[PDB]
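Colleague: The residues making up each chain are set out below.
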Amino acid sequence: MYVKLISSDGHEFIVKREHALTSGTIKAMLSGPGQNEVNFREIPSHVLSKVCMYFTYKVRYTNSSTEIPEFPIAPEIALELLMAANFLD
Amino acid sequence: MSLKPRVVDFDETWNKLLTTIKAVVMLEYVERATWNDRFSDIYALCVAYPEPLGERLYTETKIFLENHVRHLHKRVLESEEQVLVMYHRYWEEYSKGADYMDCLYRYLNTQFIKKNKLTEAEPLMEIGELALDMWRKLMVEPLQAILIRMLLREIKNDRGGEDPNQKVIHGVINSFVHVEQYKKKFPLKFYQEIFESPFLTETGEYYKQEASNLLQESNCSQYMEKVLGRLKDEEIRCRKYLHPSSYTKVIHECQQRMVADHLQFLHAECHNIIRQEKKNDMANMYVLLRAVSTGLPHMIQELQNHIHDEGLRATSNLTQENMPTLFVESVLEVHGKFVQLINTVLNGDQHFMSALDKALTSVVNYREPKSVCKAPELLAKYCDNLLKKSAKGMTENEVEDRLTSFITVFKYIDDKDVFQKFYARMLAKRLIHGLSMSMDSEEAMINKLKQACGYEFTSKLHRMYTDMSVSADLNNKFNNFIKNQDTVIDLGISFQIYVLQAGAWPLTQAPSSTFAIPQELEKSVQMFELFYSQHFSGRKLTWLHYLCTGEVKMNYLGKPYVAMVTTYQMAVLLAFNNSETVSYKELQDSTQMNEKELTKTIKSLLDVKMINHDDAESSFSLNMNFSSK
Amino acid sequence: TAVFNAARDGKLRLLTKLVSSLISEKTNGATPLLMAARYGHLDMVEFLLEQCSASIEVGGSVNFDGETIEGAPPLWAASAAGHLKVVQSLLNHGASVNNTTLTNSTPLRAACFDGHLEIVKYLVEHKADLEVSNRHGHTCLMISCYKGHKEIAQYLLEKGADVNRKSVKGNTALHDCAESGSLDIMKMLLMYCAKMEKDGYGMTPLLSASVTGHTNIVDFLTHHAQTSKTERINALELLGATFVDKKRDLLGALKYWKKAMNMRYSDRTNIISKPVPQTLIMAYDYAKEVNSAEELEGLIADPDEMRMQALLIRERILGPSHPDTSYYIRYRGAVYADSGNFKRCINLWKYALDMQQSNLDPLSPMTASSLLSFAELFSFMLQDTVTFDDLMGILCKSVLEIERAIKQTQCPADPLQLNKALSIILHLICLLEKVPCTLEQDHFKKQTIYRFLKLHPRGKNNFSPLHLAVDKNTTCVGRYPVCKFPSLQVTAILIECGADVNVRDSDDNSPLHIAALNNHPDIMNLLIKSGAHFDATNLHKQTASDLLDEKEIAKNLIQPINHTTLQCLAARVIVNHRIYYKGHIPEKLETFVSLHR
Amino acid sequence: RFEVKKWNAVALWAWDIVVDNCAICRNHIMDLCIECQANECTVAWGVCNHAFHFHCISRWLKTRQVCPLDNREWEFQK
Amino acid sequence: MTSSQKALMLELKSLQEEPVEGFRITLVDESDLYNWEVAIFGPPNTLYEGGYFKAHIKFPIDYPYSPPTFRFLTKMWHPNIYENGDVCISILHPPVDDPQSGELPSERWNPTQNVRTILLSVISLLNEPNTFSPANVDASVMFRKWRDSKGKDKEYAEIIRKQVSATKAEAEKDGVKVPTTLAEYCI
Amino acid sequence: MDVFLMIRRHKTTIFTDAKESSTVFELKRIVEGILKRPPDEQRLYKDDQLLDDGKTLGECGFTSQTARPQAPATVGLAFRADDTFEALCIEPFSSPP
Amino acid sequence: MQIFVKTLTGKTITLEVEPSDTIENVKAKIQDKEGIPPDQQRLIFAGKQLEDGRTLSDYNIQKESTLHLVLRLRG
Amino acid sequence: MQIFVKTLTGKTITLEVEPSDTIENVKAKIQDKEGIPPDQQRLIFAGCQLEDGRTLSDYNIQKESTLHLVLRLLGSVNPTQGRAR
Ligand SMILES: [Zn+2]
Ligand SMILES: [Zn+2]
Ligand SMILES: [Zn+2]
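Chains as they are written, first to last, in the entry's author numbering: chain D, 17 to 51, 58 to 111; chain A, 1 to 121, 134 to 626, 633 to 647; chain H, 5 to 22, 31 to 396, 405 to 617; chain K, 21 to 59, 67 to 105; chain C, 6 to 192; chain G, 1 to 97; chain U, 1 to 75; chain E, 1 to 72, 692 to 704.
If we strip away everything but chain D, and leave its shape as in the complex, we get:
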């Protein structure tokens, strides 16, 4: 019930399927010629690490918490993270 995501430098991230199905592009994959490794040749490690954390945060704090603390995001990865979040959803 897990998916495997490979970055553009070698690191492999294993995240649960329901969490990973948030982005529309990942849902576009895993639905086609077959029905578990997804290879991205562009995303660096320091952005793909934060994408999974955002997935976890969004799934966990969906409609339950009364007060949601802010998402920490450094300004040294903002330009690349915007493009990465645009390619995905």
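Since the hints were derived computationally from the structure, they do not count as laboratory data. One or more hints might be untrue.
[Said to hold, decoys possible] Dumping the calculated DSBU-like pairs for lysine-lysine here, alpha-carbon to alpha-carbon at most 30 Å:
1. A/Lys114 <-> D/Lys80
2. H/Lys480 <-> H/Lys355
3. E/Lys29 <-> E/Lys6
4. H/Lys355 <-> C/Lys173
5. A/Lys197 <-> H/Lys474
6. E/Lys27 <-> C/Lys150
7. A/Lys400 <-> A/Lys495
8. H/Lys561 <-> H/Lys571
9. D/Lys80 <-> A/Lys433
10. D/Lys43 <-> G/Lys55
11. D/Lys43 <-> A/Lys115
12. H/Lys427 <-> H/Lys362
13. A/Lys4 <-> D/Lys20
14. A/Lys433 <-> A/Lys401
15. A/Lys441 <-> K/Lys25
Following the hints, complete the assembly by docking chains A, H, K, C, G, U and E with the ligands onto the known chain D.
Modeller: Only chains A, H, K, C, G, U and E with the ligands this time, still in chain D's reference frame:
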């Protein structure tokens, strides 16, 4: 490599993409290493640094789909007599392939396609919608007539048991409904026109021919089951060949043809059937004729006529000598029998209970050309015969059931007024002389009548009942006035009086004979009048001489006798008290009344001959020669 | 100079005593000299003049007849107040005698406005002009002759003034006299060589005197000749119509119409026909002028025929140019509406509005006032029948007026005037939505509102119609349950019709911002689930959530996580830390991050 | 000679004034009131020869006093 | 089922018989017994030879306690009527006193008034009005002028003749002879 | 309560949760379910604590104020092969411009 | 003579005063017959209200007419 | 020639009004006597109002009369008033 925009050649990229889309549309094999690799190539194309190439991508995809569709149509039309067997084969692949390849172009659908025409209503479209439009182009400008003709020929195998390929015809027909992407307003127009028009026309023609064939060599009895079986097979045939939304129209057309083309043929046999029983044969005709717009009133009229004739035969002929019980019994029997028949075979239709009510109303209020409607008199006679019960012959509980049944017949008489007056008079005569079956039953009478007809109908009876209920209490609580009258009381006649109202009691005949009053009756009347006036004032108490009946206890003969007799003969005997012989002149002058009543009283006295005669001055005398029990 | 202008402040003991820095001590659009010369403070005026006379001609603001007037010289105010002593004190001190106000108002005009004859002769005996008019070119002679004032008129005439003084509208002094009777000035002006001239709408002074309702000057002009039969006939019919409309006398109307028709018939040689149109009017109950003396008698029994006859006579004689005809038509409609009958009022007002629009400039208070009458009528009639056709028609006329107004070449219409039209339209849409209909009429409503929305209108503070649909200040029109904007229904119709959900006002306030400022979380949810943007930024650094009150955040009717993506957070950080992004990211993403500023 | 032991008889009674109908509630005097008919109450009398209802005369007594035919007075006694 | 409906249905089924002059109970659907419709034949010797004046009567919720209202559809000229067919019958006023007339001498509503007596009162007022309290001053003034003139001025006669001619044409068209024979009028 | 953890060995990272403070045997069982490895052949290194594999996570230091989902915490891992264990080889992420 | 004047109650009671009496006599007779004061009652013959100061010979009612009385009112 | 007036205080005021008069003249007389505002004063005789502009002679007012002055979609329009003036 990075997601930053860059200059893209569009020569190697499109050649790379052409191989994958071709292998995906045809449902071939594509590995997961290249399916994910082909992603982000569209992203790089969409974010080319100078002059992005989204429109070029759209144009080339459209051209590729056009070529593929044209090649498929060429192959399908090239093959002969195997059509509709390869159309399914090339549609099953194409639908799933378009659905899969729509997922590949998700970026181009989300951005650069979302800027389409808004909901203001061809220039731009999504990719799955474009593929479906291309297949529609294949289905409209090339072959439609051959496909429709072969589908109709395959469906035409109805009379024979030849089973066509169920998984092929259904798929072909359901392929027409797949215009769902452009189904903003009208999702079924294409299928509706193209298939629903000639299929309905052919079905109408074929079932007209089948109805003629069946009616040519059959009766009207072994015809309803045949058409019912045909209709029952039609629905199960239509389930596995057509869309869920096209059953009512087909069944309605089939019904319209077979039934509504020959409604005049069925009417003679509907007249024939109702006269006899034919319990099974009525249900088939009812089910058949519930579908046609106007076929039911003829059956309703026939049933009403049959019920009227049967009721008239049952009631009029069976008259006996003079009995009112067979009238109610026969009407109840007819009503119950036909209610049971209707409920058990016509599925409780309301349109026929009205016919039953009309026919029963007609049969219950029949009038002879030279006689009045003699229903209410017999109804009232049944009423008091069921209520007197001073003699044995019934019970104390079956009466209530008889009355509950009787209210049903009572609910049918047109002229209830004459019934009201008749029951008033006869209930009065029953109530005064105290021969009713104890009590707590006339209350059931009045309550049921009030519940059935209303209050103003029963207004003049409840107060009569209360008068009779309170007279006994008044007598019981008033008889002590004699004891508390201070002076001694010398009234030697036992007393029981009844105080009656004025308009409640319908015996208000104006008196015309001033009969004299007995001796002790004078003192009794004076005492009662004064005591009643003291008890309550503001009322004149009239005296009636034609219902007051006393009794005489005689012991002068060998056998003492008790005569329960009205006041006339007591007055006669008191006149005879003074002298043993009394003539007609002093009989006349001892009182003052019409001579007819005096003659009648004298004749009744002589009927058992308690007196003898030795007219104008005839001298009668006491007769000691008469004895009785 | 605190209390000097706050009160009259005579105070000869102290205020008289107190470089003269207060020589021209003026504030709040007012000066001490104006108040000194306003209330007849002779000692204060003398002290101010002796201290410094440099500010003798300084004018400020004053409110004499209720309304405030700006740029009023002290001499102009003193002439109006009647304080003679200050008047010749200033005249001897050397004040300018023709110092006009901001509206070219001479002190002579103010003097003759109230009727101060002695000030008039003293002013005009000191080299004062006579042919100086206001901005609208209304001379002092016309104002003097409007009122009675039949003592200064003769003296001013003897002073040698002109009498033919057409203004921009071409109204003579004879019109002003005829508007208020004054047969003595009639006789005087007629004696001194007066001419009988028309005006902008083509009104003879006799026709104006018949319109205003006076019954003596009309008789005078019935005499004195130089009038044909047609002029006297028209004057008499107009007098009868004015008796029926303005007042409520009917026997006099019978008498006037009887003498008019007797004169019309006259002799067999000279018979005048009745000019009538070839058309029949629906709202007039298809009536016609009774061209028969026999039909005149017995007409007193039915008043409604008289109302139709008077309306027809007024419409024929004057024409659609006047506002009086439309006003009287609407007045009769309102009278019938108050009489409990509602069927004919709608037709009468429909004809009146049709006449109004095809005669007069767009966005005028008359045609604007016409629409709220229909609004109140439909609000009352809904309140404890109504046809779709009438409401659709009136909405169509409103949209037509809006289109004609917005299609002006220069387009100088202020949003203040357009706000009333937009509010009337929205209230009409609500009242329409409160009524059942059919399919084709529903599609017609959708098409009409589509055209109206695509017209691209604007309002106060550069507000879209969608902005007004979700504001609590829109419902100022009427006071009945007109759904009391903001409302779910009107917003839903506007959104489904195709109203843009991301427009901006003058302060870059999206509709979500206005809704949040008016609470109502349901409208916020409806806008959000229609294409709107949750994280938008106005002119300041404020979002839609930061404008919310305590109740909305406490009840938790808006969940932010459901409508927030990672792009939003990245764009917010990029904007807040001022990172250079142009030339490094896609163009659409650049527009996105510009939006999320 | 002859004699007698017991005697039974009946008699009818009616008010000896007019035996008329109530002019207020428009029904016969010996009948129930309409409000009473919506479901035992007696019948009143006046000093005049007129005999009125009981509930009708009370309901109008809540507003005025005198005979509705004679604006003189009311007695209610007998 | 309420006392008002009971009283009105009793009065209707008593009114099924034949009154003298004003009696035409038209098609009341009996779904709402409060709304009625009556026609006036007209007296044989007064100014209304052979007329037919349709009317309308509205019965309040408390019929024996509250008075009803009377309206005329066709417009006539009567010094005691309003413009919209209303009438100023004193009997139709609620019982309360601000000076109008003597309360005691039957100048207001009492429960012993029925539709019959109401109708005869209406005919009596139509035959003989008062000039003390005009309902419309023009008809009051011409009433006084003709009464003093004893037939010199006939404007009132002319307008009444025109109106009765129109209503007689309508009556002769619809269904009824509109009797004026002084013999068929009496029942 | 619900703590959030990252388990990393070389170029690997697995995202998983925990209930409140459970036996590390349960975490090893979850790791085995992900990777099909024997629970007795693991070390489960903290920074330098070595996390004795019999206790609860509450005394291990993992609290609800340290393992928030917006910024998970890390726990090392080193399988001990047939010869011996590793030298706790964890690679770092790339350096962003 | 004999005239059966209709009363408010639905049962007319005849009067046979004399053919040429006065309305005062008629009102007094119906008063003693029913109890309605003369100052309160008002008589109608056929639509024309009859004044109380005249005599019955001025109306020519023959001998079988009908008068319907009503309560006094004014407009 | 003289009729009374029933004011809100109940005092009867005798006014010498001839038949050749009007409601405006009667209002002027009562304003001279007491000073009631015309916008508030009302005229009710025998339960119905007196129309303005209608002479009291045509209203059938006799000697020793009595009048009361109890205090007392729509016409929400005004005549045009746009000139220089
Ligand atoms: Zn009663
Ligand atoms: Zn009762
Ligand atoms: Zn009495």
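Colleague: Hint by hint, say whether it matches the structure.
Modeller: Comparing the hints with the structure gives:
Straight-line distance between C-alpha atoms of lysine 114 of chain A and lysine 80 of chain D comes to about 26 Å, which keeps the hinted pair within the 30 Å bound. Restraint check for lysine 480 of chain H and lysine 355 of chain H: not satisfied, since their Cα atoms lie roughly 36 Å apart, outside the 30 Å limit. A threshold of 30 Å between alpha carbons decides the hint, and for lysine 29 of chain E with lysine 6 of chain E the separation of about 14 Å falls inside it, so the pair holds. Straight-line distance between C-alpha atoms of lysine 355 of chain H and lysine 173 of chain C comes to about 29 Å, which keeps the hinted pair within the 30 Å bound.
About 23 Å separates the Cα atoms of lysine 197 of chain A and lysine 474 of chain H, which keeps this hinted pair within 30 Å; it holds. With a C-alpha separation of about 28 Å, the suggested pair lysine 27 of chain E and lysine 150 of chain C falls inside the 30 Å cut-off, and the hint holds. Restraint check: the Cα-Cα separation between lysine 400 of chain A and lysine 495 of chain A comes to about 37 Å, which exceeds 30 Å; the hinted pair is violated. Taking the CA atoms of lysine 561 of chain H and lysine 571 of chain H, the gap is about 22 Å. The hint holds against a cut of 30 Å.
Using a Cα cut-off of 30 Å, the hinted pair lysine 80 of chain D and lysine 433 of chain A is violated, with the two alpha carbons roughly 90 Å apart. Our distance criterion of 30 Å between C-alpha atoms is broken by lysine 43 of chain D and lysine 55 of chain G, whose separation comes to about 40 Å. The suggested pairing of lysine 43 of chain D with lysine 115 of chain A holds, with an alpha-carbon distance near 23 Å, which does not exceed 30 Å. For a cut-off of 30 Å, the pair hint linking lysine 427 of chain H to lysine 362 of chain H stands: about 24 Å separates their Cα positions.
Of the pairs offered as hints, the one joining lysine 4 of chain A and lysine 20 of chain D holds, with about 25 Å between alpha carbons and a cut-off of 30 Å not exceeded. At most 30 Å may separate the alpha-carbon atoms for a hinted pair to count; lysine 433 of chain A and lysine 401 of chain A meet this at roughly 22 Å. For the hint pairing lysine 441 of chain A with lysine 25 of chain K, the CA-to-CA distance comes to about 25 Å; that is within 30 Å, so the pair holds.
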